[PDB]
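A single chain, nothing else alongside it, follows as C-alpha coordinates in the form deposited in one PDB entry.
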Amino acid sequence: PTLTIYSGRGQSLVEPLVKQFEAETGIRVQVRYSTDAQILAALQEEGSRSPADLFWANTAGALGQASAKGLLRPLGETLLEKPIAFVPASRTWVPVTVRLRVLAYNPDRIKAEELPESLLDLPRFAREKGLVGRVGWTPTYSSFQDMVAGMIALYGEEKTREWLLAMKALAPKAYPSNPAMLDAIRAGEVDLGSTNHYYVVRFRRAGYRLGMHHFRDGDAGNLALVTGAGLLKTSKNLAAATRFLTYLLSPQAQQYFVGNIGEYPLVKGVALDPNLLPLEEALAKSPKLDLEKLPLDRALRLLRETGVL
(Lines of atoms letter the chains of each structure in order from A and count residues from 1; the text may use other names and numbers.)
(Lines give C-alpha, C1' and ligand atoms only; values in the text may rest on other atoms or scores of the structure.)
Protein backbone atom coordinates (compact mmCIF):
# COMPACT_ATOMS: atom_id res chain seq x y z
CA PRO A 1 0.00 0.00 0.00
CA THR A 2 1.12 3.53 -0.88
CA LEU A 3 -0.51 6.94 -0.71
CA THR A 4 -0.77 8.29 -4.30
CA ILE A 5 -0.80 12.07 -4.88
CA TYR A 6 -1.56 13.59 -8.27
CA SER A 7 0.18 16.96 -8.08
CA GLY A 8 -0.20 20.06 -10.20
CA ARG A 9 2.39 21.64 -7.93
CA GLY A 10 6.06 21.46 -8.86
CA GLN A 11 8.30 18.62 -7.82
CA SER A 12 10.96 20.91 -6.25
CA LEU A 13 8.21 22.22 -3.96
CA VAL A 14 6.38 18.94 -3.25
CA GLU A 15 9.24 16.43 -2.91
CA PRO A 16 10.85 17.69 0.33
CA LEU A 17 7.48 17.73 2.09
CA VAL A 18 6.67 14.22 0.88
CA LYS A 19 10.08 12.93 2.01
CA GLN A 20 9.59 14.47 5.46
CA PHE A 21 6.08 12.97 5.71
CA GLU A 22 7.38 9.54 4.72
CA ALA A 23 10.14 9.70 7.36
CA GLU A 24 7.88 10.85 10.19
CA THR A 25 4.79 8.68 9.55
CA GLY A 26 6.20 5.57 7.88
CA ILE A 27 3.56 5.90 5.09
CA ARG A 28 5.03 5.32 1.61
CA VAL A 29 4.00 8.01 -0.86
CA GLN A 30 4.14 8.08 -4.69
CA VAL A 31 3.64 11.23 -6.66
CA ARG A 32 2.66 12.03 -10.22
CA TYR A 33 3.69 15.54 -11.41
CA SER A 34 1.86 17.35 -14.25
CA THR A 35 0.09 20.66 -14.92
CA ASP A 36 -3.26 21.17 -13.15
CA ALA A 37 -4.94 20.79 -16.55
CA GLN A 38 -3.15 17.50 -17.37
CA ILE A 39 -3.99 16.15 -13.90
CA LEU A 40 -7.68 17.04 -14.40
CA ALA A 41 -7.67 15.21 -17.72
CA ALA A 42 -5.93 12.09 -16.42
CA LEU A 43 -8.22 11.82 -13.39
CA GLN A 44 -11.21 11.78 -15.74
CA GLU A 45 -9.50 9.36 -18.22
CA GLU A 46 -8.68 6.89 -15.42
CA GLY A 47 -12.24 6.91 -14.01
CA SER A 48 -12.89 4.30 -11.26
CA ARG A 49 -9.48 2.57 -11.74
CA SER A 50 -7.37 5.62 -10.80
CA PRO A 51 -4.91 4.73 -8.04
CA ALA A 52 -5.11 8.47 -7.07
CA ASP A 53 -5.86 9.45 -3.46
CA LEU A 54 -5.35 13.23 -3.39
CA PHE A 55 -5.27 16.03 -5.95
CA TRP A 56 -2.85 18.73 -4.83
CA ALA A 57 -3.33 21.61 -7.21
CA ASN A 58 -1.51 24.82 -8.00
CA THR A 59 -4.85 26.67 -8.45
CA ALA A 60 -8.25 27.11 -6.82
CA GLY A 61 -9.69 27.04 -10.36
CA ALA A 62 -8.39 23.51 -10.99
CA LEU A 63 -9.89 22.38 -7.67
CA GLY A 64 -13.16 24.11 -8.58
CA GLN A 65 -13.19 22.15 -11.88
CA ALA A 66 -12.42 18.87 -10.06
CA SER A 67 -15.25 19.56 -7.63
CA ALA A 68 -17.72 20.61 -10.32
CA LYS A 69 -16.82 17.50 -12.29
CA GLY A 70 -17.64 15.18 -9.34
CA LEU A 71 -14.07 14.03 -8.60
CA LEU A 72 -13.81 15.23 -4.98
CA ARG A 73 -15.09 14.02 -1.61
CA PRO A 74 -16.64 16.50 0.87
CA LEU A 75 -14.30 17.33 3.75
CA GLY A 76 -15.13 17.38 7.45
CA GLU A 77 -15.14 20.41 9.70
CA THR A 78 -11.79 19.58 11.31
CA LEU A 79 -9.87 20.26 8.11
CA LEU A 80 -12.15 23.05 6.85
CA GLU A 81 -11.98 25.01 10.09
CA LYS A 82 -8.15 25.33 9.86
CA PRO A 83 -7.59 27.95 7.13
CA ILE A 84 -8.12 31.62 7.77
CA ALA A 85 -9.67 32.30 4.39
CA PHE A 86 -10.59 30.90 0.95
CA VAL A 87 -12.44 27.76 1.98
CA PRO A 88 -14.69 26.83 -0.94
CA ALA A 89 -18.48 26.93 -0.55
CA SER A 90 -18.41 23.42 -2.12
CA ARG A 91 -16.43 22.32 0.96
CA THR A 92 -14.78 19.71 -1.26
CA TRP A 93 -11.17 20.88 -0.90
CA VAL A 94 -8.98 22.79 1.49
CA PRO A 95 -6.90 25.92 0.63
CA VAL A 96 -3.27 25.44 1.73
CA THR A 97 -1.42 28.62 0.66
CA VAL A 98 -2.14 31.93 -1.05
CA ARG A 99 0.07 33.97 -3.38
CA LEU A 100 -0.62 37.44 -4.75
CA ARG A 101 -0.25 39.12 -8.08
CA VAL A 102 2.01 42.18 -7.57
CA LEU A 103 3.82 44.77 -9.64
CA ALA A 104 7.57 44.33 -9.58
CA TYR A 105 9.64 47.37 -10.48
CA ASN A 106 13.13 48.85 -10.25
CA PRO A 107 13.01 51.33 -7.32
CA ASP A 108 16.05 53.16 -8.66
CA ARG A 109 13.97 54.16 -11.67
CA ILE A 110 10.42 54.44 -10.35
CA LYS A 111 9.24 56.15 -7.14
CA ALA A 112 6.76 53.98 -5.23
CA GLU A 113 4.31 56.90 -4.79
CA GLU A 114 3.84 57.53 -8.53
CA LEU A 115 2.86 53.92 -9.29
CA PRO A 116 -0.77 53.42 -10.47
CA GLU A 117 -3.53 52.40 -8.03
CA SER A 118 -5.07 50.16 -10.69
CA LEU A 119 -3.88 47.56 -13.19
CA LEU A 120 -6.22 49.08 -15.82
CA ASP A 121 -4.24 52.30 -15.49
CA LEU A 122 -0.90 50.57 -16.06
CA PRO A 123 -0.66 51.18 -19.84
CA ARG A 124 -1.17 54.96 -19.36
CA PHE A 125 1.40 54.90 -16.53
CA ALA A 126 3.95 53.10 -18.73
CA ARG A 127 3.50 55.79 -21.42
CA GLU A 128 3.85 58.48 -18.71
CA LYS A 129 7.26 57.03 -17.83
CA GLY A 130 8.37 56.59 -21.50
CA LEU A 131 8.38 52.81 -21.15
CA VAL A 132 7.35 51.71 -24.65
CA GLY A 133 9.37 48.52 -25.27
CA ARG A 134 10.40 48.69 -21.59
CA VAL A 135 7.72 46.65 -19.78
CA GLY A 136 7.81 42.85 -19.31
CA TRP A 137 5.15 40.19 -19.03
CA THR A 138 4.77 36.44 -19.11
CA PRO A 139 1.80 35.76 -21.42
CA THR A 140 2.09 31.94 -21.23
CA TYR A 141 2.29 31.80 -17.41
CA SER A 142 -0.69 30.30 -15.55
CA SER A 143 -1.03 33.05 -12.94
CA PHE A 144 -0.90 35.81 -15.52
CA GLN A 145 -3.77 34.05 -17.27
CA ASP A 146 -5.61 33.79 -13.95
CA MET A 147 -5.15 37.52 -13.52
CA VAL A 148 -6.69 38.22 -16.96
CA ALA A 149 -9.62 35.93 -15.99
CA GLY A 150 -10.16 38.03 -12.82
CA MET A 151 -10.18 41.14 -15.01
CA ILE A 152 -13.00 39.62 -17.03
CA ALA A 153 -14.90 38.73 -13.84
CA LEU A 154 -14.56 42.30 -12.46
CA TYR A 155 -14.73 44.50 -15.57
CA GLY A 156 -16.16 42.42 -18.45
CA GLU A 157 -14.63 41.21 -21.72
CA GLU A 158 -14.53 44.56 -23.54
CA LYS A 159 -12.58 46.46 -20.90
CA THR A 160 -10.24 43.45 -20.52
CA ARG A 161 -9.77 43.27 -24.32
CA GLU A 162 -9.05 46.98 -24.33
CA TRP A 163 -6.40 46.47 -21.71
CA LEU A 164 -4.77 43.56 -23.54
CA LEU A 165 -4.59 45.50 -26.79
CA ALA A 166 -3.19 48.53 -24.93
CA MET A 167 -0.56 46.32 -23.35
CA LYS A 168 0.34 44.97 -26.84
CA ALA A 169 0.64 48.58 -28.10
CA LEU A 170 3.42 49.13 -25.53
CA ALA A 171 5.67 46.66 -27.42
CA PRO A 172 6.19 44.65 -24.22
CA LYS A 173 8.94 42.04 -23.88
CA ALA A 174 7.68 38.51 -23.23
CA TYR A 175 9.65 36.27 -20.87
CA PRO A 176 9.28 32.46 -20.62
CA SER A 177 9.52 32.66 -16.80
CA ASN A 178 9.08 35.07 -13.93
CA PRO A 179 12.71 34.81 -12.85
CA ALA A 180 13.71 35.67 -16.45
CA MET A 181 11.50 38.80 -16.28
CA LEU A 182 12.80 39.82 -12.84
CA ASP A 183 16.37 39.41 -14.10
CA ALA A 184 15.46 41.74 -16.94
CA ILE A 185 14.15 44.28 -14.37
CA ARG A 186 17.47 43.95 -12.43
CA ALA A 187 19.45 44.43 -15.69
CA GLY A 188 17.38 47.49 -16.69
CA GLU A 189 16.03 45.94 -19.91
CA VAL A 190 12.45 46.43 -18.61
CA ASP A 191 11.45 48.61 -15.61
CA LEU A 192 8.37 46.73 -14.42
CA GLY A 193 6.30 43.56 -14.78
CA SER A 194 3.24 41.94 -13.19
CA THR A 195 4.30 38.77 -11.37
CA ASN A 196 3.63 36.55 -8.32
CA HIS A 197 4.73 38.03 -4.94
CA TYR A 198 7.03 35.16 -4.05
CA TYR A 199 9.29 35.69 -7.05
CA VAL A 200 10.01 39.23 -5.76
CA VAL A 201 10.47 37.80 -2.23
CA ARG A 202 13.10 35.36 -3.56
CA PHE A 203 15.02 38.15 -5.33
CA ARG A 204 14.98 40.30 -2.17
CA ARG A 205 16.15 37.45 0.06
CA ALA A 206 19.05 36.98 -2.35
CA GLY A 207 19.98 40.66 -1.88
CA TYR A 208 18.37 42.34 -4.93
CA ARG A 209 16.35 45.44 -4.02
CA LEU A 210 13.32 44.86 -6.27
CA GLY A 211 10.24 46.96 -5.64
CA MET A 212 7.02 45.22 -4.65
CA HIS A 213 3.96 47.28 -5.61
CA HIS A 214 0.38 46.47 -4.55
CA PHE A 215 -2.55 48.11 -6.33
CA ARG A 216 -5.47 49.49 -4.28
CA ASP A 217 -7.32 46.85 -2.20
CA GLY A 218 -9.65 44.84 -4.38
CA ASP A 219 -7.91 45.69 -7.67
CA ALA A 220 -7.60 42.96 -10.37
CA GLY A 221 -3.79 43.49 -10.31
CA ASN A 222 -3.67 41.94 -6.77
CA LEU A 223 -5.53 38.75 -7.56
CA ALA A 224 -5.21 36.05 -4.85
CA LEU A 225 -3.79 32.77 -6.24
CA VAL A 226 -4.93 30.03 -3.86
CA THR A 227 -3.34 26.53 -3.87
CA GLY A 228 -5.03 23.56 -2.21
CA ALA A 229 -5.86 19.90 -2.09
CA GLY A 230 -8.86 17.56 -2.13
CA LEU A 231 -9.49 13.86 -1.48
CA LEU A 232 -10.63 11.90 -4.50
CA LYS A 233 -13.74 9.70 -4.54
CA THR A 234 -11.42 7.01 -5.97
CA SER A 235 -9.24 6.93 -2.81
CA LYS A 236 -8.62 3.54 -1.23
CA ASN A 237 -6.22 5.11 1.31
CA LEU A 238 -8.49 7.67 2.98
CA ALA A 239 -6.84 7.62 6.40
CA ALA A 240 -3.32 8.23 4.98
CA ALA A 241 -4.66 10.95 2.63
CA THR A 242 -6.47 12.71 5.48
CA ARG A 243 -3.28 12.44 7.54
CA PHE A 244 -1.44 14.10 4.65
CA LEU A 245 -3.93 16.98 4.24
CA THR A 246 -3.60 17.49 7.98
CA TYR A 247 0.18 17.64 7.59
CA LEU A 248 -0.15 20.28 4.83
CA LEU A 249 -2.02 22.59 7.29
CA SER A 250 0.34 21.99 10.22
CA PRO A 251 2.50 24.84 11.55
CA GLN A 252 5.58 23.05 10.38
CA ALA A 253 4.44 22.48 6.77
CA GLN A 254 3.04 26.00 6.68
CA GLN A 255 6.44 27.30 7.81
CA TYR A 256 7.96 25.41 4.87
CA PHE A 257 5.54 27.17 2.47
CA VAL A 258 6.48 30.54 3.93
CA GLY A 259 10.24 29.89 4.14
CA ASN A 260 11.24 27.41 1.46
CA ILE A 261 8.70 28.66 -1.11
CA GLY A 262 7.90 32.28 -0.06
CA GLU A 263 4.08 31.86 -0.16
CA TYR A 264 1.61 33.16 2.42
CA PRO A 265 0.36 30.59 4.91
CA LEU A 266 -3.37 30.20 5.63
CA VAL A 267 -3.01 29.13 9.24
CA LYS A 268 -2.09 31.35 12.18
CA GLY A 269 1.04 30.79 14.24
CA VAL A 270 3.56 30.79 11.39
CA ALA A 271 6.63 33.05 11.48
CA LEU A 272 6.51 35.32 8.50
CA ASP A 273 9.34 37.02 6.61
CA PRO A 274 10.10 40.75 6.62
CA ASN A 275 9.39 40.80 2.83
CA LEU A 276 5.80 39.58 3.32
CA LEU A 277 2.79 41.60 4.45
CA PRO A 278 1.09 40.71 7.73
CA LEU A 279 -1.56 38.11 6.88
CA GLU A 280 -4.56 40.43 7.39
CA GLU A 281 -2.95 42.95 5.02
CA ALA A 282 -2.27 40.25 2.40
CA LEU A 283 -5.89 39.05 2.57
CA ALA A 284 -7.11 42.63 1.99
CA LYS A 285 -5.34 42.95 -1.39
CA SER A 286 -7.36 40.69 -3.74
CA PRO A 287 -10.80 41.32 -5.20
CA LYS A 288 -13.42 39.16 -3.45
CA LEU A 289 -14.08 36.72 -6.28
CA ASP A 290 -15.27 33.13 -6.46
CA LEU A 291 -11.81 31.74 -7.16
CA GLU A 292 -13.28 28.32 -8.05
CA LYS A 293 -15.13 30.00 -10.95
CA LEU A 294 -12.66 32.42 -12.65
CA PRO A 295 -13.44 32.59 -16.39
CA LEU A 296 -10.13 31.14 -17.58
CA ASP A 297 -11.98 29.86 -20.63
CA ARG A 298 -12.86 33.40 -21.71
CA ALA A 299 -9.39 34.65 -20.68
CA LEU A 300 -7.59 32.33 -23.08
CA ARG A 301 -10.03 33.32 -25.88
CA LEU A 302 -9.27 37.00 -25.42
CA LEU A 303 -5.53 36.37 -25.08
CA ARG A 304 -5.60 34.52 -28.40
CA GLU A 305 -7.80 36.99 -30.32
CA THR A 306 -5.68 39.99 -29.17
CA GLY A 307 -2.39 38.38 -30.17
CA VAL A 308 -1.00 38.02 -26.66
CA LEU A 309 -0.88 34.24 -26.95
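Numbering follows the first chain given and starts at 1. First, how it differs from the form deposited in another entry.
Of the two rigid parts that account for the rearrangement between the two forms, a single one contains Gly64 as well as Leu3. Note on conformational change between the two forms: two rigid parts, with the smaller rotated by 19° relative to the larger (from C-alpha fits).
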Contents of the next structure:
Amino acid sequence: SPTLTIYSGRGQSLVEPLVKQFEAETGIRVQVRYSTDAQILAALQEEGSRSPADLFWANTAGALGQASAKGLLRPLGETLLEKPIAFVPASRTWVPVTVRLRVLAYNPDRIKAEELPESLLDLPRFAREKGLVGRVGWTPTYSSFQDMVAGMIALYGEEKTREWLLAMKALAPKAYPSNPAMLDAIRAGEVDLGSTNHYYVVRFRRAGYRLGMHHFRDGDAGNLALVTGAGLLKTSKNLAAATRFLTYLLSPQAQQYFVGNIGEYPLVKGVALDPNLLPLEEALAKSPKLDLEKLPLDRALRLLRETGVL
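What would the structure be for the form deposited in another entry, given that what you showed me was the form deposited in one PDB entry?
If you are looking for partners or other molecules, they are not here, because only the chain is given.
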Protein backbone atom coordinates (compact mmCIF):
# COMPACT_ATOMS: atom_id res chain seq x y z
CA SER A 1 0.00 0.00 0.00
CA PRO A 2 2.87 2.49 0.60
CA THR A 3 3.32 3.24 -3.08
CA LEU A 4 5.72 5.43 -5.07
CA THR A 5 3.46 8.12 -6.51
CA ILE A 6 4.33 10.19 -9.55
CA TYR A 7 2.63 13.33 -10.82
CA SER A 8 3.64 13.32 -14.48
CA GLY A 9 3.34 16.19 -16.94
CA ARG A 10 4.60 13.77 -19.59
CA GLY A 11 2.15 11.98 -21.86
CA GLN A 12 0.89 8.59 -20.75
CA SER A 13 1.12 6.84 -24.12
CA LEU A 14 4.70 8.05 -24.47
CA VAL A 15 6.10 7.05 -21.07
CA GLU A 16 3.87 4.37 -19.52
CA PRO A 17 5.86 1.51 -21.12
CA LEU A 18 8.89 2.87 -19.30
CA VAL A 19 7.03 2.95 -16.00
CA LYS A 20 5.85 -0.62 -16.61
CA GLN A 21 9.40 -1.74 -17.31
CA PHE A 22 10.58 -0.09 -14.09
CA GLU A 23 7.92 -1.84 -11.98
CA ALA A 24 8.70 -5.16 -13.64
CA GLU A 25 12.40 -4.87 -12.99
CA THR A 26 12.67 -3.35 -9.53
CA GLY A 27 9.45 -4.71 -8.07
CA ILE A 28 8.64 -1.22 -6.84
CA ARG A 29 4.99 -0.51 -7.55
CA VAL A 30 4.32 2.82 -9.19
CA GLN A 31 1.14 4.83 -9.34
CA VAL A 32 1.23 7.64 -11.89
CA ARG A 33 -1.15 10.58 -12.16
CA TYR A 34 -1.05 11.97 -15.69
CA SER A 35 -1.72 15.69 -15.98
CA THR A 36 -0.10 18.83 -17.33
CA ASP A 37 2.79 20.64 -15.71
CA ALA A 38 0.44 23.60 -15.00
CA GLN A 39 -2.34 21.57 -13.36
CA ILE A 40 0.31 19.68 -11.39
CA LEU A 41 1.77 22.92 -10.05
CA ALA A 42 -1.75 24.05 -9.15
CA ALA A 43 -2.49 20.74 -7.39
CA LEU A 44 0.69 20.91 -5.26
CA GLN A 45 -0.13 24.44 -4.00
CA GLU A 46 -3.66 23.34 -3.18
CA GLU A 47 -2.63 20.06 -1.52
CA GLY A 48 0.22 21.56 0.50
CA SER A 49 1.57 19.12 3.08
CA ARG A 50 -1.30 16.71 2.38
CA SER A 51 0.12 15.91 -1.07
CA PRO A 52 0.48 12.20 -1.91
CA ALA A 53 3.04 12.84 -4.67
CA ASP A 54 6.64 11.75 -4.30
CA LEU A 55 7.94 12.91 -7.68
CA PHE A 56 7.07 15.58 -10.19
CA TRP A 57 8.09 14.27 -13.61
CA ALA A 58 7.79 17.48 -15.66
CA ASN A 59 7.42 17.89 -19.42
CA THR A 60 9.39 21.19 -19.21
CA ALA A 61 12.13 22.74 -17.09
CA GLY A 62 10.12 25.94 -16.51
CA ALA A 63 7.65 23.94 -14.45
CA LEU A 64 10.46 22.54 -12.26
CA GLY A 65 11.81 26.07 -11.90
CA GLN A 66 8.39 27.11 -10.60
CA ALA A 67 8.20 24.20 -8.16
CA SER A 68 11.69 24.96 -6.95
CA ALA A 69 10.95 28.69 -6.54
CA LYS A 70 7.87 27.69 -4.54
CA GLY A 71 10.18 25.63 -2.31
CA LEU A 72 8.49 22.34 -3.24
CA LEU A 73 11.60 20.31 -4.17
CA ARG A 74 14.43 18.57 -2.29
CA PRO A 75 18.13 19.07 -2.98
CA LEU A 76 19.68 16.30 -5.09
CA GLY A 77 23.08 14.62 -4.68
CA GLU A 78 26.20 14.83 -6.84
CA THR A 79 25.90 11.23 -8.02
CA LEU A 80 22.58 11.90 -9.66
CA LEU A 81 23.52 15.35 -10.98
CA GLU A 82 26.86 14.27 -12.50
CA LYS A 83 25.24 12.04 -15.12
CA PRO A 84 23.47 14.55 -17.38
CA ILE A 85 25.83 16.13 -19.96
CA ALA A 86 24.16 19.53 -19.59
CA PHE A 87 21.20 21.50 -18.25
CA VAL A 88 21.63 20.74 -14.57
CA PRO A 89 19.87 23.51 -12.66
CA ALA A 90 22.00 25.78 -10.47
CA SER A 91 19.38 25.24 -7.77
CA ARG A 92 20.24 21.52 -8.01
CA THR A 93 16.65 20.65 -7.01
CA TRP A 94 15.79 18.54 -10.06
CA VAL A 95 17.47 16.44 -12.77
CA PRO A 96 17.19 16.93 -16.55
CA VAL A 97 16.39 13.73 -18.46
CA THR A 98 15.89 14.46 -22.14
CA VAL A 99 16.23 17.47 -24.37
CA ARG A 100 13.88 18.45 -27.20
CA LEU A 101 13.92 21.24 -29.79
CA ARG A 102 11.06 23.56 -30.70
CA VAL A 103 10.59 23.54 -34.48
CA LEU A 104 8.10 24.66 -37.10
CA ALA A 105 6.21 21.82 -38.75
CA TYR A 106 4.67 22.46 -42.13
CA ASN A 107 3.02 20.94 -45.17
CA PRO A 108 5.62 21.14 -47.98
CA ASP A 109 2.90 20.82 -50.62
CA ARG A 110 1.41 24.05 -49.30
CA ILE A 111 4.43 26.02 -48.15
CA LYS A 112 7.87 26.38 -49.69
CA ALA A 113 10.79 26.11 -47.27
CA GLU A 114 12.53 29.20 -48.73
CA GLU A 115 9.62 31.52 -47.99
CA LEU A 116 9.24 30.67 -44.28
CA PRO A 117 10.39 33.47 -41.92
CA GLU A 118 13.75 33.45 -40.14
CA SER A 119 12.06 34.41 -36.87
CA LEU A 120 8.99 33.20 -35.00
CA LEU A 121 8.12 36.86 -34.31
CA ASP A 122 7.54 37.25 -38.07
CA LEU A 123 5.13 34.32 -38.29
CA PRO A 124 1.89 36.35 -38.11
CA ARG A 125 3.21 38.69 -40.82
CA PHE A 126 4.09 35.75 -43.02
CA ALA A 127 0.74 34.07 -42.34
CA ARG A 128 -1.13 37.26 -43.21
CA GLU A 129 0.79 37.62 -46.46
CA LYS A 130 0.07 34.06 -47.59
CA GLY A 131 -3.61 34.29 -46.65
CA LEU A 132 -3.35 31.60 -43.96
CA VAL A 133 -6.33 32.71 -41.87
CA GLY A 134 -7.60 29.69 -39.94
CA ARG A 135 -4.69 27.64 -41.33
CA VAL A 136 -2.16 28.03 -38.55
CA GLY A 137 -2.14 25.51 -35.72
CA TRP A 138 -0.97 25.82 -32.14
CA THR A 139 -1.12 23.93 -28.83
CA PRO A 140 -1.91 26.36 -25.99
CA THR A 141 -2.32 23.66 -23.30
CA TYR A 142 0.99 21.94 -24.16
CA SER A 143 3.72 22.84 -21.65
CA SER A 144 6.59 23.02 -24.18
CA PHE A 145 4.63 25.65 -26.08
CA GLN A 146 4.08 27.52 -22.81
CA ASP A 147 7.83 27.36 -22.11
CA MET A 148 8.54 28.65 -25.61
CA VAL A 149 6.34 31.64 -24.73
CA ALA A 150 8.13 32.12 -21.41
CA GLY A 151 11.25 32.01 -23.57
CA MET A 152 9.97 34.90 -25.66
CA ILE A 153 9.23 36.92 -22.54
CA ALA A 154 12.80 36.31 -21.41
CA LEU A 155 14.26 37.19 -24.82
CA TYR A 156 11.98 39.97 -26.11
CA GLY A 157 10.06 41.10 -23.05
CA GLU A 158 6.43 40.81 -22.02
CA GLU A 159 5.36 43.61 -24.38
CA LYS A 160 6.64 42.13 -27.66
CA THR A 161 5.44 38.66 -26.59
CA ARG A 162 1.92 39.81 -25.81
CA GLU A 163 1.80 41.51 -29.18
CA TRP A 164 3.04 38.39 -30.95
CA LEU A 165 0.33 36.41 -29.19
CA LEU A 166 -2.38 38.86 -30.18
CA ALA A 167 -1.13 38.90 -33.75
CA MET A 168 -1.30 35.07 -33.81
CA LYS A 169 -4.78 35.21 -32.33
CA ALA A 170 -5.91 37.52 -35.14
CA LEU A 171 -5.09 34.80 -37.68
CA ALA A 172 -7.87 32.69 -36.11
CA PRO A 173 -5.50 29.78 -35.42
CA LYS A 174 -6.77 26.33 -34.58
CA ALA A 175 -5.92 24.88 -31.16
CA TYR A 176 -4.95 21.22 -30.83
CA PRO A 177 -5.12 19.17 -27.60
CA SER A 178 -1.98 17.27 -28.64
CA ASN A 179 0.95 17.61 -31.02
CA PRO A 180 0.11 14.47 -32.99
CA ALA A 181 -3.39 15.87 -33.54
CA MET A 182 -1.88 19.05 -34.93
CA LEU A 183 0.50 17.12 -37.22
CA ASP A 184 -2.41 15.03 -38.51
CA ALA A 185 -4.25 18.28 -39.27
CA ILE A 186 -1.23 19.61 -41.18
CA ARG A 187 -1.02 16.50 -43.33
CA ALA A 188 -4.81 16.58 -43.79
CA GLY A 189 -4.71 20.20 -44.90
CA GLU A 190 -6.78 21.66 -42.06
CA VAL A 191 -3.81 23.86 -41.19
CA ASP A 192 -0.53 24.43 -43.01
CA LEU A 193 1.98 24.90 -40.21
CA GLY A 194 2.47 24.80 -36.45
CA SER A 195 5.13 25.06 -33.77
CA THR A 196 6.02 21.77 -32.14
CA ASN A 197 8.74 19.55 -30.60
CA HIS A 198 11.17 17.88 -33.01
CA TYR A 199 10.48 14.33 -31.83
CA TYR A 200 6.83 14.57 -32.94
CA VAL A 201 8.07 15.22 -36.48
CA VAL A 202 10.56 12.37 -36.09
CA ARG A 203 7.81 9.96 -35.02
CA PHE A 204 5.51 11.12 -37.83
CA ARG A 205 8.21 10.46 -40.40
CA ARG A 206 9.14 7.04 -39.02
CA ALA A 207 5.47 6.11 -39.52
CA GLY A 208 5.87 6.75 -43.25
CA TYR A 209 4.45 10.26 -43.36
CA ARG A 210 6.12 13.20 -45.06
CA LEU A 211 6.31 16.49 -43.22
CA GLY A 212 8.49 19.58 -43.39
CA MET A 213 10.56 20.76 -40.46
CA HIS A 214 11.74 24.34 -40.42
CA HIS A 215 14.34 25.95 -38.18
CA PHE A 216 14.47 29.67 -37.48
CA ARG A 217 17.81 31.45 -37.33
CA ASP A 218 20.26 30.37 -34.64
CA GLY A 219 19.27 31.98 -31.37
CA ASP A 220 15.64 32.53 -32.30
CA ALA A 221 12.96 31.94 -29.65
CA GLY A 222 11.23 29.53 -32.04
CA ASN A 223 14.24 27.18 -31.85
CA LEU A 224 14.19 26.89 -28.07
CA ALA A 225 15.86 23.76 -26.69
CA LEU A 226 13.91 22.43 -23.74
CA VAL A 227 14.47 19.72 -21.23
CA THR A 228 12.24 17.24 -19.40
CA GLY A 229 13.13 16.56 -15.79
CA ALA A 230 12.10 15.19 -12.46
CA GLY A 231 12.19 16.49 -8.92
CA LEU A 232 11.74 14.94 -5.50
CA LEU A 233 9.02 16.58 -3.40
CA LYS A 234 9.85 17.64 0.17
CA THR A 235 6.55 16.14 1.44
CA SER A 236 7.55 12.67 0.17
CA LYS A 237 7.81 9.71 2.56
CA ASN A 238 9.16 7.47 -0.23
CA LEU A 239 12.54 9.07 -0.65
CA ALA A 240 14.55 5.94 -1.35
CA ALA A 241 12.18 4.65 -4.03
CA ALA A 242 11.76 8.07 -5.60
CA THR A 243 15.57 8.49 -5.83
CA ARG A 244 15.74 5.04 -7.38
CA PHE A 245 13.26 6.10 -10.06
CA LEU A 246 15.27 9.26 -10.81
CA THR A 247 18.34 7.09 -11.21
CA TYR A 248 16.33 4.85 -13.50
CA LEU A 249 15.42 7.82 -15.75
CA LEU A 250 19.13 8.33 -16.46
CA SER A 251 19.77 4.62 -17.01
CA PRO A 252 20.94 3.29 -20.40
CA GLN A 253 17.67 1.46 -21.00
CA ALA A 254 15.50 4.45 -20.17
CA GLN A 255 17.73 6.77 -22.20
CA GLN A 256 17.73 4.29 -25.10
CA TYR A 257 13.93 4.20 -24.94
CA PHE A 258 13.63 8.00 -25.07
CA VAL A 259 15.70 8.13 -28.25
CA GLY A 260 14.61 4.94 -29.96
CA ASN A 261 10.92 5.05 -29.10
CA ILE A 262 10.18 8.69 -28.56
CA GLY A 263 12.77 10.29 -30.81
CA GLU A 264 14.03 12.88 -28.33
CA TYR A 265 17.66 13.60 -27.41
CA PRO A 266 19.26 11.70 -24.50
CA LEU A 267 21.20 13.51 -21.77
CA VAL A 268 23.64 10.76 -20.84
CA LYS A 269 26.79 10.53 -22.91
CA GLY A 270 27.19 7.40 -24.95
CA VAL A 271 23.62 6.59 -25.91
CA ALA A 272 23.52 6.83 -29.67
CA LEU A 273 21.08 8.25 -32.20
CA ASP A 274 20.42 6.78 -35.60
CA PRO A 275 22.65 8.41 -38.29
CA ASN A 276 19.65 9.96 -40.08
CA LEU A 277 18.60 12.21 -37.20
CA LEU A 278 19.66 15.82 -36.74
CA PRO A 279 22.62 15.48 -34.34
CA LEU A 280 22.25 16.74 -30.79
CA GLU A 281 24.94 19.40 -31.01
CA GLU A 282 23.59 20.88 -34.26
CA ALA A 283 20.18 20.93 -32.65
CA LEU A 284 21.51 22.76 -29.56
CA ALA A 285 23.45 25.28 -31.66
CA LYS A 286 20.14 26.49 -33.10
CA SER A 287 18.75 27.43 -29.69
CA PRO A 288 19.08 30.57 -27.56
CA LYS A 289 21.26 30.09 -24.46
CA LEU A 290 19.02 30.43 -21.39
CA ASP A 291 18.88 29.35 -17.76
CA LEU A 292 15.91 27.03 -18.22
CA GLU A 293 14.68 26.88 -14.64
CA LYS A 294 14.60 30.68 -14.78
CA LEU A 295 12.08 30.73 -17.65
CA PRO A 296 9.14 32.88 -16.51
CA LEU A 297 6.61 30.07 -16.92
CA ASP A 298 4.08 31.54 -14.51
CA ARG A 299 4.19 34.91 -16.28
CA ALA A 300 3.73 33.07 -19.57
CA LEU A 301 0.62 31.31 -18.28
CA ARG A 302 -0.70 34.62 -16.95
CA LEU A 303 -0.08 36.21 -20.36
CA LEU A 304 -1.73 33.32 -22.21
CA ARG A 305 -4.83 33.65 -20.05
CA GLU A 306 -4.87 37.44 -20.31
CA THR A 307 -4.84 37.29 -24.10
CA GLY A 308 -7.53 34.59 -24.21
CA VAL A 309 -5.29 31.92 -25.74
CA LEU A 310 -5.66 29.89 -22.55
